[PDB]
Structures are given as structure tokens and as C-alpha cells.
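Student: This is what each chain is made of:
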Amino acid sequence: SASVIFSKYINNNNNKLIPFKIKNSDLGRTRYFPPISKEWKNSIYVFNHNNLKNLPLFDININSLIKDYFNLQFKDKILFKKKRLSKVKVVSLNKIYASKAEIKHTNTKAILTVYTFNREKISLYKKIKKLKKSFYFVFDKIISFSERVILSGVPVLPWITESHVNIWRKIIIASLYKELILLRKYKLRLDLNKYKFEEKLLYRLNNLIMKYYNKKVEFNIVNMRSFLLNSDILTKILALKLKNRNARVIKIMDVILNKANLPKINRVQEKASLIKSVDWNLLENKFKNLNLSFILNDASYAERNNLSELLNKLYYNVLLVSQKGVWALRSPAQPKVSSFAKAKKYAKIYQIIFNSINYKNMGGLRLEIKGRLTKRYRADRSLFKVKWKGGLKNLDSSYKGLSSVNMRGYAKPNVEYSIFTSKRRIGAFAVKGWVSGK
Amino acid sequence: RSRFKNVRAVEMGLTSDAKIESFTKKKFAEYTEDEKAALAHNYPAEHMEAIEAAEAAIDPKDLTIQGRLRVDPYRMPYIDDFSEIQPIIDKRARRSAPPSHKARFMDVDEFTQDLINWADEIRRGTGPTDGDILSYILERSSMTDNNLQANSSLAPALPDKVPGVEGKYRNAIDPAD
Amino acid sequence: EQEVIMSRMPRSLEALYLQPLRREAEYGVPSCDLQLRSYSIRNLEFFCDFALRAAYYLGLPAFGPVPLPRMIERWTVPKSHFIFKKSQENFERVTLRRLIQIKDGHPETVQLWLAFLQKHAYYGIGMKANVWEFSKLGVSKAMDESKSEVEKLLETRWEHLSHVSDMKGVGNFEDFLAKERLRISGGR
Amino acid sequence: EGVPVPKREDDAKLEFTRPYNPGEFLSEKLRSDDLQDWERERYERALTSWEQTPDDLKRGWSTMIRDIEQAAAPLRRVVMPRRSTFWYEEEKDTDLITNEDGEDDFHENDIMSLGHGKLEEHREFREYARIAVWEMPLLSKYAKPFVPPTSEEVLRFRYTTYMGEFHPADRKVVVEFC
Amino acid sequence: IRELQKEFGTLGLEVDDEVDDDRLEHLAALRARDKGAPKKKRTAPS
Amino acid sequence: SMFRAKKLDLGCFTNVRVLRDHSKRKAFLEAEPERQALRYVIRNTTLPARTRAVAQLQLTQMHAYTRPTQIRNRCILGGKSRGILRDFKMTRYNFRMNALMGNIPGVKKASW
Amino acid sequence: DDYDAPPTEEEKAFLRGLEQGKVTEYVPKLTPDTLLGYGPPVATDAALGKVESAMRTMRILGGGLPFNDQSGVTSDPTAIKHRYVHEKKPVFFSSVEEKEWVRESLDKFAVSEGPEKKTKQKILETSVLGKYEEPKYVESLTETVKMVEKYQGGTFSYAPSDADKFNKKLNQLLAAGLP
RNA sequence: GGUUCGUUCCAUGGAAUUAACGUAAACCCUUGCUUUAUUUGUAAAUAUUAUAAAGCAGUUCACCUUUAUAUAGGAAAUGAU
Ligand SMILES: [K+]
Ligand SMILES: [K+]
Ligand SMILES: [Mg+2]
Ligand SMILES: [Mg+2]
Ligand SMILES: [Mg+2]
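Chains A, B, C, D, E, F and G are the protein sequences, given in the same order. For the first sequence, our numbering begins at 1 and goes up steadily by one. For the second sequence, our numbering begins at 1 and goes up steadily by one. For the third sequence, our numbering begins at 1 and goes up steadily by one. For the fourth sequence, our numbering begins at 1 and goes up steadily by one. For the fifth sequence, our numbering begins at 1 and goes up steadily by one. For the sixth sequence, our numbering begins at 1 and goes up steadily by one. For the seventh sequence, our numbering begins at 1 and goes up steadily by one.
Any given hint might turn out to be false.
Calculated pairs, DSS-like style, for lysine-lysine (alpha carbon to alpha carbon, straight line, at most 27 Å) [to be verified]: (1) A:141 with A:75; (2) A:126 with D:92; (3) A:336 with B:91; (4) A:423 with A:243; (5) A:53 with F:24; (6) A:393 with C:79; (7) G:89 with F:26; (8) G:150 with C:141; (9) A:185 with E:6; (10) C:141 with G:99; (11) B:102 with A:313; (12) A:121 with A:185; (13) G:131 with A:211; (14) G:117 with G:99.
Note that these hints are calculated values from the structure, not bench results.
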């Protein structure tokens, strides 16, 4: 028989049956749910709150640790750069600009996101690319010209040991020392800039950051094309520019705004509202009875029983070649992939994903500078300049009337705000920056 | 007693149990011997073991009594096998080997030997071509790791013309200025 | 060398576009109570469907997701760091949670389910599971007889730990775990 | 100790101060200043091979190194910063100074940071859809069916887990019998 | 940062401590105008 | 002074009183079982009158840092002790500025 | 004459493969072994739950880091060598590949192949078998020491070391209050 | 000059055309309704309290009145809701 206590959990069965009701009311489309990691820097929930009270402080320790990690550079004695002695503090802008980190926590690991603007590669890649292609073609001849002379007798082999290769390599270096250094100077500087985003060096930083969270940290460094698509990177570039005593404040702001291109827009259609009307193309209104039994039981069309056929008429299938009704598969070490992965064309897929993403295009920009920014070394009144281009409004809600999801209860989902604090020789000043997405 | 309601099953005419089976064999029929063989010839062995086990787990009788359409905001907006890892829309793959903590940057001597070894590697198929010198500045390692192609943590880039962004911007600054 | 017209896509791929199927429990005795928590809903509402799918393949009849009462902690702080107290503002921290209850599930199969969710856990979600299991009397004997059975399953897993001969840094073994578990959990 | 002083004793000594040819290079090496006896024969035999070469080949080498010298000419040229420059306004590293033309233009190949959050959120959906289509079906091969408890199963223990977390309440065990 | 300079200092990499480098530059400026700290007295007042 | 570690072990905002309260938390951690025994003997009315009077005198000679009532939570960003929220280890103001910026997870501006 | 030719279509096509990526493979693999280490450390009758509570005991000795067999095989050899040599404490490797990476990265650094016998029994004793010390029942109230053990043995708040500091002071007071 | 809760809207001016912020919209709670989920909440139950994710809803329709014919407003327990 069965246990008595086992029966004491069967009688308590008052479950409510799933009714499979049919919808008789038209449904609208759901709001645009912005990403979750953009609300709070740490997307975390821990049951023991003792692993949650120090994150606001670690955010400052990790940020300063990532900032100094992307600023790493070779020692001038390693590349033979002949450092020019100057006690003055250098202000270099051609480097990697990183933003504030965003961490996705789990009970197993943490994914750290940071948007970088690599300005050091924009100059290094072009500089090394100027080296004529003949350099590599002419060098290849020295390898053949030196083997027929040094590694040969009368004008790899079995009677050629490695001891002679050593002396054969120094002869080439003895004549091409001043040239191999130039190439090596730019080759290492480019590779260092490349490894900072690879595991060759990111595994060392993880060991440092792993000591704060006690979990392996995976990186998601994103590369930015223009430094205006992130307020964190924007407010720092403008700050480093203003630190110079002779910096023209009002002029440095105009050169940055001039670089912020806004898309062409129709001020009428942009501000025009939306009329509430039922969208019969939505998958919720198309089939008011989502049960496959009714949908497939020859409701309107006949012989559409195959569930695959029903889905092909609703979603864009990539496996199909004609785009509808045909999945003809050929019938009778290399990478383990399907025999049609190359035939698949992700042309309309990209157009579906990126069209379902809001706040892509830049449509607003506001810069604020405040503090002691005079030129002379005396007690003078504070300064405050303001420049803007575009609007920081949420068009989808302020004009169209659509419902939006504000972040943290008050903040708009399309604006990014960041502040940077620095100091001149006379006092402190801050740089506030806003950036909105259309 | 059951967990669902039969209200949606009696309308279509599936009161009898035998009539419910005719709805599955006619609409949720399993793969034929030919389709199975043809389907196993395109996918590798590991990808096929997941399909043979799915058709045995998901029985067709469930799809008829409770099979519903997905209309939640988390469903995928398109159909795809998800067999491979795509360039842009998928997370970057990690199929490389771990680095060497004992390896350091190459000096003038080691740098030449690596450059010479590269001149021979390309001279084994004149001189280096555009595809070779370009694969030397961006893919050739500069450390003593035996030309290790580490796995990068850099997120995949976006298309050369992002849909929804292209076709709306005009360069304010003219290069002629 | 011929083209076979496939009649449909694999059921594994079609089921991804249908509501997560659910097995039917014959008895209805709860075998697990998974409570998911998060400060957002889009990650919690998604992982809930992902979990119900894994329970279907394992043969576990899941019930949920049940929306439990959200927890709201409130704080009212002054907007100023000084005298200006006549102006304050309210803050909060809403904790949205769900409950997936499994019934008539094998104890071991329930653990493979909980093991699968921890490996592929979604960021920003917390989990707490209560596992129920029936057992006979004389637990002391059972837990001793099952020593050789567990000693075999650990034969290939002992390779994880490694230490110098006669580890002296641990000292009193039982006291080490007690005071090291506090350091790992931060006080408790 | 005391007031800190600068550290100017930092400099890398170049091996070769001027371009040496195979002849002159081996001569200075074969000068017998610091080298092993048995190794001095290798350089010796090497110098004999070079001097034996015809003058024409020696001429080609001399002109060859001068072709590379001209090939690396545009790479060591000190580019002059633009008049109204933005990035090199105070850049003291002449290596990174470039023309600056079209370095800030937008090629419509990037979205804002707020868009990258919704894009990465899709890459994660596919990662889970790839798991629900290829890895989940394999869970059924190791699943076991539920069997009702027998007459001897009188106890009902409870164990609470936190799924990879250390919580002080994960040590309690609740039992209930009839 | 000191433990970051020692982790990557073995590879020949260098990074400036903008925080400490600023503290040292300010102390040097004070001495330039004779505003630095006095000599630490290490004996009772007498 | 004898409890102040000769090597600073604080990673948060350091202060004169922050370092003074951190030295009191470590002194009590080492003396809680010993201090809990004296408090147990003073209240045990079954022990001899002399045992309770001895345990009562030893508890008075304990250093102030050993007393748990001396411990007072402080802000790890500003070092203050007034208006500290236990759930965040910060003053009410620091909690606001970090909550609005999104540094404190889960916190949200309340409106209802 | 300072002109930089625009990137050619061949160069652009090459940069895409690096930045955007290439079509790599993906081999589905899911076995109880791939899940072993992530399970719930529950003291159930099923051996799967007990084998997980013995692994959780090895992660506590190894430092307390979670079980991560999917985030690389790197580590800090300098800190693992000190903990393994100068501190003489165990080390936990989530995978054999992470163990071989520490070997080839340190100059002649050897690690033991599994723990010792005495360490395997200490793990199974309390984590799996759960052999405790039943707190005896004290009848008379004048038994101070016997009554203190009763309480100390019935709560995980008092660790074996904390119970020593308590008993040391207690015995000192009882003996100092006698004729 | 009208109108509007409102630099709201309409008309007009021998000078206007426009951009940003506030405003408005939207947001959170609350209200009616639909679908979803039924445990730890619910007597039962064919699902109706509660819990909480999404969607819809208003001054919308009807009635009365209405300037320059351009923009609208009124009625408030005995029209609907
Ligand atoms: K119940
Ligand atoms: K309701
Ligand atoms: Mg003075
Ligand atoms: Mg007007
Ligand atoms: Mg408003």
C-alpha cells in the first residue's frame, strides 16, 4: 500500500484547471522593454545581503583599476624611444577611453561590460600602413640572397646545423638594426593595443578584479566608433582638453558639437502623434484562440496541418531558400557544421533585430562646464558655460503618446548622464554631459 | 481527473479518444525513414543525437491537447536552427588555447627570428602578398607564445551599415575644406 | 545525391515557438519549491519559461510561474546633506519574485533540473529551492551503508582538491570549515 | 631619503651605432675581443665565404639595404600637426601624429550605448534558444520516472538549497511523519 | 595601482599614478615658494 | 593604541574614528567568548557568591575596545556615524546620490 | 605629398572577419558530468546530492570560489603557489585543464594528485555521513561545565575554537571561587 | 480678436520662420475590464477573493447649444458607461 503521510498531500488538490479561454478583446502591442543592465550598474540579486553592501565601493576601485589598465604603455627603454626628459606633466589624448563598468552578477561568475573608444589604433594603424609594400618584398630577397652566400659554399639542409643559423641571423640584424627597430616599435605598440582586449592580458586583470567579487570575471568590451555615443567617454575627453591653462572653453565645446551629426528629420511627422488603432497583424490578434487544435483543424485553409507550415507564415525562416514552403535538404578534420550553414542569408535578420532596437540614432547632446576656468592665478568668480545640440526628449512618449518604461523610477531610458571632475591650478571644475537616443 | 479542460477539444470533434489519435498521425506525424536519413546527412553526429531524443521526449499527444502558440515578448522574432555561431548576432566564440604566463614580449633578436620564420611560412606554397602582410600586422603575435591566436573579449562589431541608422546622416564637414 | 523535401522542422525547434509544455502529475505531491527573485521582471519572466521547458524534458510536471507578493523596502532620506529637512524624498527597493512548484518528481531528476538552472542561470536572479524526499526509518544505518556507493562516484572527482602532505595550515579540520565558511559568506 | 630627486639614469643602449655590412661586422666580431675559441672558427669560415663573393653581388647587397632604407622613409617622417588640430593640440609623441582627415566622421556603422544593451540582450536570447534546442533534449536520456513511496517510507525530509550561495539557513533539515 | 604596476611591470609595461603623481607635484610647488612642512621634531620641547 | 594595527588594513574611506571603530570590532571578535563567559557567571545564581563577584570584577578590567556597545556603524564613503543605513553602510545622503546614479542595486525612487 | 589611400575592398573584407567574426562550430554536449559540481548540495538519500555536498566541502577548503567550468582555465599561479607551499592549505581546481595550466606556467611546481587518505575520510565523515556529538541531557542544574557543553554542542554559532576560549575562562572562574 | 485647465487651439498683424528646457505627454500607485499563472494564498467549485505580469478604457457615445463658419462648450442621483 501507500504511506499515510503520502496521502495527506494528495487530498489537498484544489488546483484550478487551465481553461484555454478565447480572447474577445483586441490587444495592443507591448511596450518597448529596455535592457535590464541599463537600470542599475550591477544587475544582481543575492539572498544573503552580505554580498551586496560593498558593491557601490568596489565600483570605484574597479573603475580606477580598468582606467589604469587601458593606459598601460611600454617602457621607453624597451622600444628604444629615447625619452625626452621633461618634468612637465604630459596630456596625451590618443589613448583608450573607457567608461564606467556594468557588471552582470550570478552565483557563479560576473560579466563586466565596458564601452571603449580606441583612439590609439586610429593613428597607429595608419602610421604603420604607410610602410611601403616593397619593404616586405625586398626583405624576402635578403633571406634568399643570404642563404645562397652565407649558408652555402661556392656561389634547410642536413649539413647546416643551428650554430651557424645564429651567426647568420646577426648579420641581417647588423645591417638592418635601425630599420627593424622602427618596425618593431610600431608592431609592439599595436599588439599591446590589441592584447588589452584579448585573454593574453585580460587574464591578469581578472586576477586583480577577481579578488573583489570572488568570482571569475568575463569581459564584454565594446568598441565605439565615435566618442559621442557615450557620455562617459565624451565628458572625459572634454575634461582633458579644459585642463590646459590656455584652453579655449567656448571653442572646445563647439568643435565637439560640430562633430555630433544629427539625422535628418521632419519636424512635423516627428512631433505628430499616433492614433490608437487595432493592429491586426500582431500574432495576438491574428489568432484569438492560440490552441493549435483549432488553428490547425482546417479552420479556414485546408491541408495546412503541418505546424512547420503555420510557423513559416508567421516568422521569417532562414533555412528556407525560396523564403516559403521549401526546406529541400540534400540526401544520398573539418568543422562540425551543417551542410547549409553557408547557404543561410542573414540579410533580413539583421534588419529585424536592429529595427526592434530603440534609441540607436543620436538625437541630442548637452554639455555643461562649471567652476574655476580662468587663465590668471588670482581669486576670481566662478564660470559656467552651456552648449547643446538637439533634444534630450523621449519622442516615442512625449509626441507619439506610446508608453515608456522609466529607469530607476524617474529617469528616462534614452538619456545617458555622466559627470567628470578635474581641477586647474586655481580650483576645481566639473564637466556634465547628456546624450539621448532617437 | 485531468489538468486541462476539454472545452477546446470537443468543438473540433475530438470527444472520442480514437479520434484524438487521428489528429496527431495526420498532423504531427514523425519523420519517415527517408527524412531521418536525409536529416542525419546534413547535421553532425552530436547535432543528430539531440533531434532523435527530442522526438522521443515531446510526444504528439501533448501538442494536441495543450499545444498553444507563443505570444510572449521573449519569443524569437524569426526561425533558425541555432546550430552554428553567427558573426554579429551571436556572442563571440572562445575556441582558442589559454595564454602562457611565462611568455614575454619579443626583443630585437626574437623579433627577427619570428619575422624570418614568417618569411618561410609564407614561402611554402613572389614574396609576401597583401593578404600576407596584412595578416602579419593584425594576426601575428608579438610575444613568445608560438603564434598563439588568443580568444578576444571584444564584442562583435555591427554591420557596415546598421539598419535604421544608414540613410539618414550627411557629413557636415566637407573633406574639401 | 537527391533532394528530400522535409515535411517539417525538428520538434525541438518547433517547441521553442509554443508555450512551454507541462507534464500532468498523477498524485500532486510537491517535490520542489523553486522561488526566483530579482529587481526586474524581464529577466525573471524569461528564465521562468526557460525552466518550465527543462522540466518537461526531464518528465517533471511543473506548476507556475506563481507570482508571489512583491517585497517593498522603503527609505525616506533628506534631499540635502544639511539643515534643509523640510524637503525629503522617498526611495524604495521592490523585489519581484516567482514560484515554480514541481510535483511527482524523482528526487535525483529534481537535482539534475536544479543543476541545469545553476549552470545556465540568468544574470540578476536569485534562487532558493526546498527539496522534499521520502525515506525509511533508521536513517543512521542508511547514511553509513551509502558510504561505499558515494566513495565510487567520487573516485574521479578527488582530482579537484590537492594539498601538500599533512596540510598544517588547516589545523583543526572542523574549525577551519566553520571559520572559512564565514569568510566566504561575509560574517554568516 | 630627503627631498626626492629625478630619475634620469634611464636609457637603452643601442647595440649597433651605425649600419655595418657583412664584412665590417665580421671584422669587428673576429677582432678576438670576447668570443669562444671554437666559436671564432665559425665567424672565420663565415668571413671567408663573404670575401670570396664577386664584387657584383657585394654591390647588390649594398644597394639592397639602401632600398629598404628608402622603403622605411615615410614611416619615420615627422608629420606636422594641422593648424586647428583637436587631438594633437598638445601631443608630445610625434609618432601618433597623423593627418587627422576624416577621423571623426560617422559612417553609420554603430549605435548608441543604450542600443548595445538591447543588442547584447538578443545575443543572450540566442544563447538560451541554442541551449533549449540542442542541449535540453539530452536531459531526457538521464531522467527517471517518479515512483510513489512504499509503506516503509514514513518520513518526509526537507532540504533547502540556495543554488550556489552560502546562506546560514541552508543547514536546516525539516522532517514530518504521521 | 601599486599591485597593478607590479602585475604588469614584469612585461615591461608602465602606468602613471595620476593620484600620487599629483600629490608629489603639489608638495614640490609648496617648497618652491617656501611653504613646505617644517622639519619633524623628534624630541620633547626644551 | 595597542589595538591599532601597525599596517593599515582598511580599503574604504579611512579616518581617525573609522580606524578607531575598526580596531574595536576586531578586539571584540577575539574576546566575545571570554566576555560571554563572565556575563554568564554573573547571572548564574547557582554558583557561589565568590565566583560571581570574581567574574564581576574581571569584566570591569576588560579594555574599552572589548566592550561591544562601543561599536558604532560608520559610512564607508564619508566616515560619518550619524544617519547611517545598515543595508548600505552609508549616510542617508550618500545613499541618495548613489541610488540616483544607479550604483546601489535595486533601489528606486518611490512614487505612489 | 602626404596621402593615405582609402582601405581597399580586400582590406575591408579582412577586417570584418576579425571585428564581426566568423561562422564557428558548436557541438552540443550535456551529461550528468557536465552538470556535476553545479548541483544542489543536499543531504538526500540519492547519491547525487551527497556527492555534491562533498564537492562543496572541497571548494570551502580550496578558497571558497564557486564551481566555474566554463570561464577559462586561467588563475594566479603566484597566489596558488604561496597558498599551497607557504600556507600549506588545499587548492581546488574546477577542471583538470586548469591544473595543467598552473604546472606549465610555474618553474618546477608540482601539485599532489588528489588529497590524502586522512583528508578524504574527514570530508565524508561530517559532510556526507554527518557524524555528530549528541549533546547529552543534564538533569542537575549545579553542573556548570556539563550544562555549558549541552548548549555549545547544540548550535553552529560556537565553533570548536570559540568553545575553547569560553571553557578556558569558565574553568578559571570556577576554580578561583572555591575555598 | 476669440477660445482653452494651459503661449492650448483658430483667425490675423507693412516680418516672421524656428530650436532647447520647463509645460504637456508619458511614468508609479489606484479604478473597471480581458488574457495569463493557482502556492506558502482561496470553503466548495465548471474559478469568483487574493497575488501580479501584459493589454484596453473617457468626456468615448448619445443629447443640447454654438462666433468670423475657422477653432468648441455645456448639462453633473433619474441618457449609456
Ligand atoms: K495548498
Ligand atoms: K484578479
Ligand atoms: Mg612652513
Ligand atoms: Mg505668429
Ligand atoms: Mg509633467
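Student: Give a verdict on every hint.
Tutor: Here's how the hints hold up against the structure:
| no. | hint | verdict |
| --- | --- | --- |
| 1 | A:141 with A:75 | violated (33 Å) |
| 2 | A:126 with D:92 | holds (18 Å) |
| 3 | A:336 with B:91 | holds (18 Å) |
| 4 | A:423 with A:243 | holds (7 Å) |
| 5 | A:53 with F:24 | holds (21 Å) |
| 6 | A:393 with C:79 | holds (25 Å) |
| 7 | G:89 with F:26 | holds (24 Å) |
| 8 | G:150 with C:141 | holds (25 Å) |
| 9 | A:185 with E:6 | holds (23 Å) |
| 10 | C:141 with G:99 | violated (38 Å) |
| 11 | B:102 with A:313 | violated (57 Å) |
| 12 | A:121 with A:185 | holds (14 Å) |
| 13 | G:131 with A:211 | violated (35 Å) |
| 14 | G:117 with G:99 | holds (20 Å) |
Checked against the numbered hints given earlier, the structure breaks hints 1, 10, 11, 13 and satisfies all the rest.
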